[PDB]
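S.K.: Each chain, letter by letter, is given below.
2 protein chains.
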Amino acid sequence: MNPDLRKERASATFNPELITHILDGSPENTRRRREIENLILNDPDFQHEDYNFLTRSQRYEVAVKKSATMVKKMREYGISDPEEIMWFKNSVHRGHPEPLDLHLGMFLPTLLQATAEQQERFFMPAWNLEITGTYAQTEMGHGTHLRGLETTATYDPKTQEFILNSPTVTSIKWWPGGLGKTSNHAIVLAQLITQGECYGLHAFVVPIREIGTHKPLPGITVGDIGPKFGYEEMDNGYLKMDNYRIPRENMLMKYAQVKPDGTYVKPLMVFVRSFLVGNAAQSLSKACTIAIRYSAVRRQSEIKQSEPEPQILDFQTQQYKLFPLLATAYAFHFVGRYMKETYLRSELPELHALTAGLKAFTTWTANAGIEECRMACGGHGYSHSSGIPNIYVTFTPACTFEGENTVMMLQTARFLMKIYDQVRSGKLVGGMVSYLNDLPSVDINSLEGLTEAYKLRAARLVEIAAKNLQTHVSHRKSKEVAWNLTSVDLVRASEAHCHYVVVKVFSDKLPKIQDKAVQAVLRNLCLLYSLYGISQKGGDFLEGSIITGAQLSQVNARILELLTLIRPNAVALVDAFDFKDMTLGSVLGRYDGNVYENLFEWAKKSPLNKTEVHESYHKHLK
Amino acid sequence: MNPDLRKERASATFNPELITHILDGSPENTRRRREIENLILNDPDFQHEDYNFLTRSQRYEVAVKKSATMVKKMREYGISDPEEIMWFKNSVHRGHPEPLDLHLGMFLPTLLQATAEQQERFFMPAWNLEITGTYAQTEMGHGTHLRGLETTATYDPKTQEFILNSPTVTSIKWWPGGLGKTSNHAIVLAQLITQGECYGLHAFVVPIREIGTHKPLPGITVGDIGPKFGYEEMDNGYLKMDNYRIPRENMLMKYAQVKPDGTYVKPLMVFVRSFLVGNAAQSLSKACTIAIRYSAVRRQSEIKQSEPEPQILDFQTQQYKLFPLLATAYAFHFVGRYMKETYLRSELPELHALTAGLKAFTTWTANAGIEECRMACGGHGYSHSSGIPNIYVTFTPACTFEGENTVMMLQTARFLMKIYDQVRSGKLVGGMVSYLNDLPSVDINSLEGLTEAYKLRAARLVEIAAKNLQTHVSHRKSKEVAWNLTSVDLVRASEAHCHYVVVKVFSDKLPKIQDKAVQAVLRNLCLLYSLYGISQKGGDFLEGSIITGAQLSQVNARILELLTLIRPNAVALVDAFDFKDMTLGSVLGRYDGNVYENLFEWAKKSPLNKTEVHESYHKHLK
Ligand SMILES: Cc1cc2nc3c(=O)[nH]c(=O)nc-3n(C[C@H](O)[C@H](O)[C@H](O)COP(=O)(O)OP(=O)(O)OC[C@H]3O[C@@H](n4cnc5c(N)ncnc54)[C@H](O)[C@@H]3O)c2cc1C
Ligand SMILES: Cc1cc2nc3c(=O)[nH]c(=O)nc-3n(C[C@H](O)[C@H](O)[C@H](O)COP(=O)(O)OP(=O)(O)OC[C@H]3O[C@@H](n4cnc5c(N)ncnc54)[C@H](O)[C@@H]3O)c2cc1C
Ligand SMILES: CCCCCCCCC[C@@H](O)CC(=O)O
Ligand SMILES: CCCCCCCCC[C@@H](O)CC(=O)O
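Note that the protein sequences, when read in sequence, are chains A and A'. A prime marks a further copy of an entry chain. For reference, each letter of the first sequence is one residue, going 1 to 112, 114 to 269, 278 to 354, 365 to 460, 475 to 655 in the authors' numbering. For reference, each letter of the second sequence is one residue, going 1 to 112, 114 to 269, 278 to 354, 365 to 460, 475 to 655 in the authors' numbering.
One should not assume that every hint holds.
[Unchecked claim] Have a look at the derived ranges for each label pair, beta carbon to beta carbon: (1) A':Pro219 / A:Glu634: 17 to 27 angstroms; (2) A:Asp625 / A':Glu634: 41 to 51 angstroms; (3) A':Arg9 / A:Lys446: 45 to 55 angstroms; (4) A':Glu594 / A:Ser511: 25 to 35 angstroms; (5) A:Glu35 / A':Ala590: 56 to 66 angstroms; (6) A':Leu458 / A:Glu634: 47 to 57 angstroms; (7) A:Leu598 / A':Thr169: 32 to 42 angstroms.
If you're looking for bench data, these hints aren't it; they were derived computationally from the structure. Each residue gets a CB set at the ideal place from its N, CA and C atoms; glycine is no exception.
Using the sequences and the hints given, assemble the complete structure.
M.R.: The structure is reproduced here in structure tokens:
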């Protein structure tokens with residue numbers, strides 16, 4: 001172990017193992033996860049060349065190979081627990097996306114909005130991988146506005162079939178993972194038309210590739226959508242249907258149905282968001298792990314000229330770049346847990372609203388934070404050897420899919436304005452919005482005072498958004514136009530509300546921490562996260578007379594003091610995440626700190642060094 | 001042309017051609033650039049498959065091919081003007097990095114710190130490409146701190162040769178473009194040791210590959226450093242020398258020399282930074298061009314339910330995401346020009372300080388801004404078809420190389436503290452720091482008032498940094514330790530100073546604009562950039578009693594009003610940058626707005642669609 005990394009771990013004031021137990025939910029979960037990880041790590045069937053050393057085509061291929069093997073082994077091992085399944089999948093794919101993602105996450109599950118008959122006709126085959134499926138929702142012309150989807154499913158009463166059609170180039174399904182080259186079946190969301198009337202979006206099981214040959218069936222045009230910022234191993238695809246016929250019985254009819262004669266009948278998410286909040290926390294933590302360990306190993310420049318080059322971790326600016334993000338990572342981990350907890354327990368509107376907002380809030384912050392970690396590593400951060408570019412590229416789509424962040428913040432804003440209007444009418448509201456009862460609209478030393486500051490800041494920005502929205506409605510009449518004209522203020526209000534919630538949830542968790550040394554360090558992170566947010570948006574607190582200019586300067590001074598107090602625990606705090614080297618996929622972030630020797634080897638193992646002379650020399654230079 | 005893009009261009013209140021003339025420096029420059037671009041565009045020798053559709057190895061190869069051809073043609077065409085050379089190179093490489101970058105940018109130029118004898122011995126051959134060279138400075142263990150470089154050059158008086166050696170793994174040169182596989186010669190920066198004494202860093206011409214075979218010479222270990230976040234076509238490399246001997250005459254001896262007997266003798278940047286500021290402005294402008302055009306073409310969701318889906322450009326949040334960045338792009342273009350202007354004209368310390376700061380300030384802002392543009396495009400922004408991921412990946416290293424940004428900001432801070440101390444002593448200072456004479460430490478309606486606000490904010494943060502630094506020196510004695518402990522405050526002071534300079538330079542440029550319609554629109558951008566910066570850091574202005582909370586809210590309201598006022602000119606303002614489609618490398622940002630049809634084709638032309646069935650199907654799914 002690098003002596004520089006050993007001294008950092010020796011200075012730690014707490015036992016990281018205890019934090020790992022908390023993150024996993026219990027000591028037994030930690031044990032189970034580590035064992036499943038070990039199970040995959042030492043299995044030859046899941047090993048291969050570094051993804052960065054393979055072409056995109058080869059990445060997709062190894063992905064397909066591991067995913068197929070993945071399903072087989074979990075079945076052989078009798079792994080059914082959703083939690084274990086996740087650990088298993090994560091370990092097998094080293095954090096990278098995989099082509100059976102929609103097959104296992106949407107295809108099979110959805111078949112469980115289907116009838117019995119259908120379930121026993123498409124499930125079993127799909128479960129055994131005799132069939133490979135995906136879910137095709139998004140179209141080239143529509144992602145956010147589902148009402149605008151153009152794909153149609155027109156019933157033909159003469160043959161009792163649905164005619165699936167992509168009338169325009171924009172109607173082509175676009176983005177579905179596993180749709181490109183992996184699946185021979187796709188559940189397509191289309192506008193159902195029967196008896197000359199449209200009844201909205203419905204789901205249809207659409208066979209798309211021939212069994213045995215995997216050849217696109219007649220009337221089907223399908224393929225990969227091309228290279229992207231990341232997601233190399235994912236065959237995100239497109240699907241164009243030329244009045245392609247399928248049986249009536251291919252329509253998922255659990256909720257709504259269409260009779261043989263064509264009569265339409267009946268009818269008689279928070280989960281994916283909670284996961285995305287966890288994903289944001291985890292990716293940011295991986296990034297922080299790499300940058301902080303590297304910062305402890307990397308020595309450069311100087312403080313005292315008469316002293317040897319110090320670890321860059323010694324620099325206050327370096328600490329300012331990373332510790333606040335380290336604190337953010339922990340804050341989000343607990344925020345994610347709070348979400349799962351709350352969801353597992365009239366409070367639904369509140370749940371949907373908050374979950375939409377937190378999903379956007381956390382993914383945006385983790386997004387920027389990951390790149391800050393990459394840059395804090397200097398030049399070596401740019402090489403894939405740092406492992407951070409892959410983490411960023413793999414994570415960033417989270418701000419776009421499962422509800423575009425800005426749209427999600429506006430959804431949260433609609434809820435806040437509703438509550439604002441209720442209070443304005445004389446009603447007493449509850450939940451995390453209780454503070455709105457104190458409208459119209475502290476101690477920087479305590480977490481209770483800091484939480485109260487965030488509460489008041491949220492109340493103030495909600496009031497500003499409501500007032501401006503009202504002004505626009507009054508002068509322009511249309512509430513829809515008014516909404517757009519105050520949308521920037523509204524999103525800011527949603528952001529402030531979510532920020533308050535994260536601070537409160539993080540603060541509320543501290544008292545529950547059993548080990549004192551653990552509680553103390555996590556308290557410092559909570560304090561740093563809170564103070565940091567105030568410093569970053571000081572204007573919000575000053576404009577609302579929430580804190581004085583003097584307190585703001587105190588906040589800034591206190592943030593710097595916390596950095597030195599956190600420094601001794603920096604490395605142990607990232608070790609606590611318990612990421613394996615294979616999971617970080619980073620030479621700079623290796624647990625043992627032996628960076629340089631391993632970096633040299635990594636480079637020599639890379640593709641362009643297959644030969645000493647590149648073919649281009651003989652053709653254009655010689 | 002897309003009707004949606006045509007209506008935006010029709011609503012413009014100015015002639016974009018006039019802005020293009022300004023950006024190029026004159027109507028004749030615009031004409032010359034467009035003609036050189038046309039010269040390359042229609043030359044078969046420079047055309048090839050989309051870079052995104054090629055493996056990294058093939059990208060490097062086509063890069064080498066075009067670069068070699070590039071040198072030949074510029075020579076055939078008699079292109080010698082540095083400006084034309086730039087246009088030429090940019091057009092040929094479509095904005096992508098190229099392997100002869102250091103050969104032409106450093107190798108040849110440096111040979112012009115050499116003696117005559119040497120110049121006529123390595124130049125001509127290198128000029129004709131008979132030899133390919135690079136400059137190797139950075140080492141695995143040192144990038145920022147050059148004093149710490151480990152490569153040594155030990156003189157051997159017996160054979161009159163220098164012995165180049167890489168004693169450790171960290172001493173290995175690392176990152177030099179063109180070093181990996183392209184060059185057979187490298188100018189190596191090494192610690193010169195002769196007569197038992199070290200005399201610091203000196204430059205040595207080191208042959209590294211055999212002529213004809215390009216095989217690594219005995220004692221030379223060289224190669225590519227592996228895949229990176231970007232820079233696919235650049236063979237950034239490593240170089241390890243095992244006590245490799247070269248003639249004494251290989252030491253660049255223009256400034257310092259070493260006699261045959263081994264006696265050491267004598268001695269008896279702002280430019281690259283100015284370019285990086287322009288690079289930041291240009292990359293951000295490319296990103297803005299793509300996102301704004303796409304926003305005008307992309308229709309989604311709704312404002313009035315009774316209305317058809319509007320262009321997303323209609324959304325205030327979308328305008329808030331892009332217009333401020335559009336204004337930033339223009340601000341930086343003029344900032345870059347100001348730099349070139351100032352440099353072309365006792366003011367050196369001031370120049371070095373400001374240039375270090377602006378380089379960091381602009382590259383950081385353009386960096387974040389480019390990713391904001393990518394995300395504003397929704398899902399399609401993630402595909403390489405948007406062209407933005409390549410722009411970001413290609414640009415981002417600017418924050419790391421040519422002086423790591425944080426280090427550069429601290430250099431600017433050292434200057435500011437020096438001036439602060441001079442004023443404190445009773446001296447009257449000049450230049451952009453004149454405001455410091457007003458220590459110790475407006476009209477939000479006018480640019481003069483806004484500039485003054487930025488001036489006072491800078492004065493206030495400089496004072497805070499100086500005071501805190503002083504407090505630390507007083508209590509801890511060591512100024513070096515004190516400097517580190519106030520480094521976060523110092524960088525903030527440098528940032529505020531540079532921000533003021535950008536605002537002032539942008540504001541000062543307006544009166545010089547000849548065409549009134551052009552001046553008016555650019556005035557709106559200057560106002561937006563200024564107000565936006567105040568809103569983003571409101572706390573700085575409020576804490577210093579520079580503006581009241583009431584003015585801050587006015588600032589925020591005024592920013593929104595400016596968005597609608599800018600909207601009608603949004604598309605024309607990006608058209609003004611005059612980027613060719615091939616340069617943007619974006620389907621979403623095409624000049625004609627015909628996005629969807631071209632996106633479908635692009636996807637079908639991509640690698641994974643070479644065949645309908647991927648090989649992985651037959652091996653792991655069938
Ligand atoms: C790597 C990746 C994988 C994906 N995988 C899948 C998959 O498996 N299956 C699938 O079906 N989909 C998938 N998608 C697509 C995803 O579903 C869509 O990208 C998302 O739902 C909406 O993206 P969009 O481009 O359609 O957004 P658009 O809304 O068209 O554009 C986004 C822009 O418009 C703005 N905007 C839109 N509406 C509003 C409004 N009402 N008010 C204010 N601003 C607004 C946004 O804020 C933003 O700036 C994937 C995307 C990516 C990047
Ligand atoms: C794509 C690419 C191409 C390159 N091309 C070349 C090339 O052609 N030739 C070449 O020789 N080089 C090249 N380089 C390397 C470049 O020169 C170095 O990356 C740069 O000079 C310093 O990077 P570093 O990692 O050595 O930084 P380091 O300083 O080791 O680390 C940076 C981190 O340490 C912090 N830090 C360092 N010193 C201080 C201090 N005194 N105070 C406070 N914080 C500090 C930084 O703020 C940052 O967070 C390239 C780099 C990239 C990414
Ligand atoms: C992040 C894990 C989520 C499940 C994997 C698929 C991700 C894309 C899902 C798509 O439906 C999101 C959207 O509806 O925009
Ligand atoms: C951006 C264009 C600059 C010239 C091309 C080479 C870029 C890397 C140069 C390296 O010397 C920067 C550094 O000194 O860190």
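S.K.: Confirm or reject each hint.
M.R.: Right, here's what the structure says about each hint:
| no. | hint | in the structure |
| --- | --- | --- |
| 1 | A':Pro219 / A:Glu634: 17 to 27 angstroms | 22 angstroms, holds |
| 2 | A:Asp625 / A':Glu634: 41 to 51 angstroms | 49 angstroms, holds |
| 3 | A':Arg9 / A:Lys446: 45 to 55 angstroms | 50 angstroms, holds |
| 4 | A':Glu594 / A:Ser511: 25 to 35 angstroms | 18 angstroms, violated |
| 5 | A:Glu35 / A':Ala590: 56 to 66 angstroms | 59 angstroms, holds |
| 6 | A':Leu458 / A:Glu634: 47 to 57 angstroms | 55 angstroms, holds |
| 7 | A:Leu598 / A':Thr169: 32 to 42 angstroms | 35 angstroms, holds |
Hint 4 alone, counting from the list given before, is not met by this structure.
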